[PDB]
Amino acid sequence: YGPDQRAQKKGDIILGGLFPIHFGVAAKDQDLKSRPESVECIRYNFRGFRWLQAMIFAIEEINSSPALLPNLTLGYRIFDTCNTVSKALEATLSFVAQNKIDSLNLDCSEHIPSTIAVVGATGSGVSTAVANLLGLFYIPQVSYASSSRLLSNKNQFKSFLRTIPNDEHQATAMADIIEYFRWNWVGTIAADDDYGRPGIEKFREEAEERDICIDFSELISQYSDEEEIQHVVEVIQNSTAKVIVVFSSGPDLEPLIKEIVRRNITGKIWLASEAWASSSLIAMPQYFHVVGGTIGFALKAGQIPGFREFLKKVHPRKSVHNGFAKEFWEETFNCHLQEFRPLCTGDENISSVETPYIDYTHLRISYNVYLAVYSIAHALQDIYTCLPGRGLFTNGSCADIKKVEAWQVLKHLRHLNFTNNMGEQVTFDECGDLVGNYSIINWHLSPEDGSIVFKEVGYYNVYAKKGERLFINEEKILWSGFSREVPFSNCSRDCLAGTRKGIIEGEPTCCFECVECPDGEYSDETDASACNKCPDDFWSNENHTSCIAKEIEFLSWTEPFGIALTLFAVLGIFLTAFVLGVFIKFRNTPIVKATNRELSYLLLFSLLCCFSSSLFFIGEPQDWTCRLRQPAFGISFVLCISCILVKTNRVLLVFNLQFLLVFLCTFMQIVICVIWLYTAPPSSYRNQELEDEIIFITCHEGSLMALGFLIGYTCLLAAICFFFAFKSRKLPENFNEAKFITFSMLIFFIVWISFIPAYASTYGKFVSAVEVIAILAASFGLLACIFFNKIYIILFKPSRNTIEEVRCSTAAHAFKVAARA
């Protein structure tokens, strides 16, 4: 009773089966103008038939063993679901036919069989729908393929168990693979069912913690219409993201792949979930230029030893218990069995045709089917061997094996721990789950046959700690089926050393602009968020990748200018010392004795101090040299001017008594200098505001009226000396001294007046060189005006140094005779 096409065999204990022998149903959703009929399954699935044969082979192998359930046989009733909720519910209503009559008091045939457990429901929505109806009657349901996390809820799904791991490790592993290859710009596609939606939600939650930006997220279906598919295609080809993560199955993904292949969209990196990473619907050679280089997940393979020889024994006339063998024979050989295609014989050979039935290389879901059947058999064997007094039920009492009920088998399945043929331990946890490792594979092209080869490139170990679970061998991956270069999948290129990041408005964090830093700031590492302002006495490059030290500007002792000015100063000091020496040697003579013999000594000492006071303007301006820069020249030159002015002419008649005048004339300068240095002294000053890349060192004078008073006092005494010596230029005594005094005063005023435009233009820039040159020029002019004339008669023409020449000049000059050479 129930569906017609089935696999059935009698026994003492009956198991139920649910497998997708067809991929789907015929699209015939029309109005109800006639009474509705049964739908028609459309596309044959050879892999599902192999799964059904795995369950049949496991049952036969259990029934031949004397060590597992002796003297009682197992039977089966297996139906087709066609990947559809409605066919599975039609089969499940016949699974619970005995139990439902008792609950509804409906009463009658009294010869209907009871199933104790159900193996089946590949797809997760089909699994949830079957689990809802089976959990009413506490019938256990072991699934070989459904991996949704929503079926781990034991409040709603009381009797559901799995031989496959659930999909949360897979989503975490997908995030880990994206993190390993250093991408941050991806798109996601999931199937709109109970399988794709929670997996892609877990992947989104994991990708948010690892700073991965997701651009698009779309949903697809097997029964999607055309305009939805073109909306998804325009969403895909409007993005610059290359990596697409797909959580779907084969028949749910086929129309989108067909539309993408038709439009020739190339260069995408597909990350596949386990449900389509080995599908024969997607892995076609004609699709390769779109789907080459896919990276995907696989489960761990197992060995069922005599299974291939069992698969090679199928026949339509010999399989009396398998009602699916006839259509399998017709779809393999494209023929028709009697009772337009030609008539089948039974002589045809399975090895001649290439379908996924016997052309596989690893058993993964088939091993899960085998493990499910053996789990149920080991729970039954635990029932059979249990000793009175040590059971799992009330008082420690044992179930009866000849009247066994389904809830007792479910209770024994919750406490199961057995060893399989691989020598590993199979137990289920509190949520009914079962952990396992993952293999990581990559799609290649076969050079010989042209088909698609699945190459193992890594693994995911679930028993390691978080962060150390992934292994990938990068050298074995071909990236679009041909290339050895890891692709670029970021939103924007990396900012370089001279730049920083900038926000683009309305766009996520992974997309940024690269902005040049300003003239004062730098950056050194790659993806900077801000330019660091490096501290004082530093400035950036022209390229802003670092910053370098500023340049300190001042006049030092090692410049050529400094050596030249030092040589001129030392030569002046040597010449003045030479003149003092010849005055000391050739004394007691009328030329020296006529020049008062004591004012000349102090005049030469003043000239020595005025020459040596120009050395404070060269070097680094410190706090104390800036205090003695200006007063040193200010007192030395006024001492020299007073020594010149005291000796000239009848001004001494206006009132030794000569020295007191010099004493007052330099003591006034001494007191104004000491009150200036005690009220507000000058000090050094590091100027950075004039030019950006150069620190000047200059001197701030403090007060300004004190400096004006100093220069005014010196110019006042110079003008008084010039005026009083300007009257007396016609007296031809002492070798015409007053003419040279007026010449020296004129030289002083001309130099310090003509140096005015040089002083105001380059103010703040090395003006101390100008201040050295003016001092040296004035000192040289005064010394050469006063002493060299008398030196020429004293040294090179003696016996003219006589009293008769001082009182009456004999008209012979030094400079004309020296210029005559």
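For clarity, a rigid core is taken as the largest C-alpha set superposing within 1.5 Å between two forms. Positions refer to the first chain, counted from 1. First, how it differs from the form deposited in another entry.
- Just a single entry of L256, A277, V579, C643 exceeds or equals a 2 Å CA shift between the two forms, which is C643 (rigid core superposed).
- Once both forms are overlaid on the rigid core, the distance between the two CA positions of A549 between the two forms is 2 angstroms or more.
- With the core held fixed between the two forms, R364 has its Cα displaced by under 2 Å.
- In a rigid-core overlay of the protein, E689 has its C-alpha displaced by at least 2 Å between the two forms.
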Given for the second form:
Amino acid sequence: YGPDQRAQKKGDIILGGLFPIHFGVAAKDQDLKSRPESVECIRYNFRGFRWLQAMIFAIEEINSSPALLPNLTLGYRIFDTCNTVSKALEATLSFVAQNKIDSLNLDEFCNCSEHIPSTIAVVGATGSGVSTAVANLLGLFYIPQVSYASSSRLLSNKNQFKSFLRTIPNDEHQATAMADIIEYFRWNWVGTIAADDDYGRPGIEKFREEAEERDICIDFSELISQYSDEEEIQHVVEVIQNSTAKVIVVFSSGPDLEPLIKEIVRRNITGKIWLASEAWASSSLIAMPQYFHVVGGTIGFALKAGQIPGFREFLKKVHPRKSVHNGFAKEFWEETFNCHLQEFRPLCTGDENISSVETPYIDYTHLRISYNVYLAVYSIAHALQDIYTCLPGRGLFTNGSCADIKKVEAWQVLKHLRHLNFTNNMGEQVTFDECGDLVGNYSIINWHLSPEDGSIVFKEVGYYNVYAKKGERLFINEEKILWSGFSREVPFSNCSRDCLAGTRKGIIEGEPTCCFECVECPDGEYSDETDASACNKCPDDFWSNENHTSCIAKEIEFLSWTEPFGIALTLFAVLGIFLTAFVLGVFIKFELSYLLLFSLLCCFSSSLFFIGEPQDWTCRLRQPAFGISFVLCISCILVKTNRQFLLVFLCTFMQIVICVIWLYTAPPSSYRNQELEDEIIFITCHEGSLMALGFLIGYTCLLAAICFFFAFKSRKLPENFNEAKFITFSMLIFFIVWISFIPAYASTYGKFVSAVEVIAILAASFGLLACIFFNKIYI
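Moving from the form deposited in one PDB entry to the form deposited in another entry:
What comes next is one chain alone, with no partners or other molecules.
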């Protein structure tokens, strides 16, 4: 009863089933003026008819093989749910009719003897919005429902759907796999689209939850349906166009993506790569050749294929007349041959060849969901077998006493179906968990266009092994992947382009972490990585390059010790020492000959002892350059004609006491200065407050000035061949040198702050011997 398009066959134990022979109900909506009537289904699903044949075929195989359920035949009352909850509930209200005694004792059948004989276990409700609505009605009467296709995670809640097992993997793994793919191809800017029913809605939240532990920032997220209006479809395609993201993760069903794909083709939005859910990655509505402008390269998923023997030869044995136990055969015949079967449209002779036309009923390469239908009805058969072959004192019920077969109930088959452990025709073990589902391995496919009259071929490009360890589960042989149909290079679908090794990452306000700008950082930056979020600072003896990469450029070494700028002045000091020694020899052979020669040679020999990079001793040894000058300027008071002479320690010991007092105040330490930035590693010796200045003013500007007022009366007096005149000329040379010293010493730094003093001491002590020794010798 119920609907009047059944597929019915009597038997001892009646199964029942629910299959999607059409794709939907008609678009007519009632205004409720007239009394409402049953809505008529519109499209046709040859894949759904193949699923129905796979159920019926395995029931004939169980009734054929006598090693499984002997002297007991299986019937079935297979209905058709046109992918709608109402058409499914009209069927599963006729499934539970004899069981409807427990609340309504007022059934009292009164229209049949066996009273619509009680279904033991229903196999069906493909959609997950349909299984959720049928498993609520098959949960009061405890009839087990073994669904072959519904694969949402809401149905794995065994406090509400108390009797629901399924032979298709959960979708907690597929939303992990679609994040592993996006992580593996190094994308971080994707968008999601999900069908608004119980399949896409809790299956895109798992992808959102598992693509933010990988940094898979989501761009947009829209929900579609198969009954959405034109404003909603236009809004979804405007969000697709208004964005810049090439990976679109579509977690939807077959005919829910149809109004979006039609309109995206009609508006020609090319470039995106569609990661596909399992429900539409092998679909005879989206894989159509004229959609291949926008739908190509769609890396999808598919379940593990099966092998059913004799099934393809059983599919061709169909007929609208020889099949008396199949009410859908006439509708399939008329829809596949464009006939009109008589018992615009020509009358059908009924002698056609089924292998002649091209249709998804017989043009298939792998059984994937049809094998799940076969496996579900074999699961119910292998539970009825264990009820059949149970010995007393051994079973599963209370006190081990198992139940009979001739009066078997639905909850006993549910109890045995929970504890199921059997083997297929492929040697695999099938067992339902505590949440009642199987576990399987996905085989990632790709959408290629066959270049000889073929529609679309699905080329397998890897797997997804769910048994392996977390992290190593995905294998993508990416030399078979044709990006957007024809290309070969992996497309760029990041948000902002990853900047180079000279720049850092700077963010925009109101945009995610996955989108930045990239600016350069200054002054000791050294962005050593490629995408560093903050470039560091260099060590103090290093400075950044021109391209702002790793700072291998060190700072200065400004010393000029043996350089060709200081070595020539050292040669001048050696020439002064040699010219002094050649006069000392002529003064020895041929106190003003001992001290005013020895300290005079010291003032020109220790003046070469202030070059190079200074240190503690080379920074404390600047005091002899004045202490020896104060003793070598004693000739101006010792060689005069106004001459008890060995009391030069009335000034030399004063200078020595000044030096011994000032060596603690002006410290014996070079001080490295930071005046420039790039190459500024200095050494400047940092005289304290007044020490060397007071020492110079009290010796080298005081003795030569106290000699000045004493020799100004003798400058116009020649004596001993004008010795006073030559002393005054050397004193004028010394005054010119000490006038030239101080401003050039004040207005220089570093390399040129010592080369003024060391040149001025040379220029004074060379004149103070060349004006005097030559005139005293050559006369």
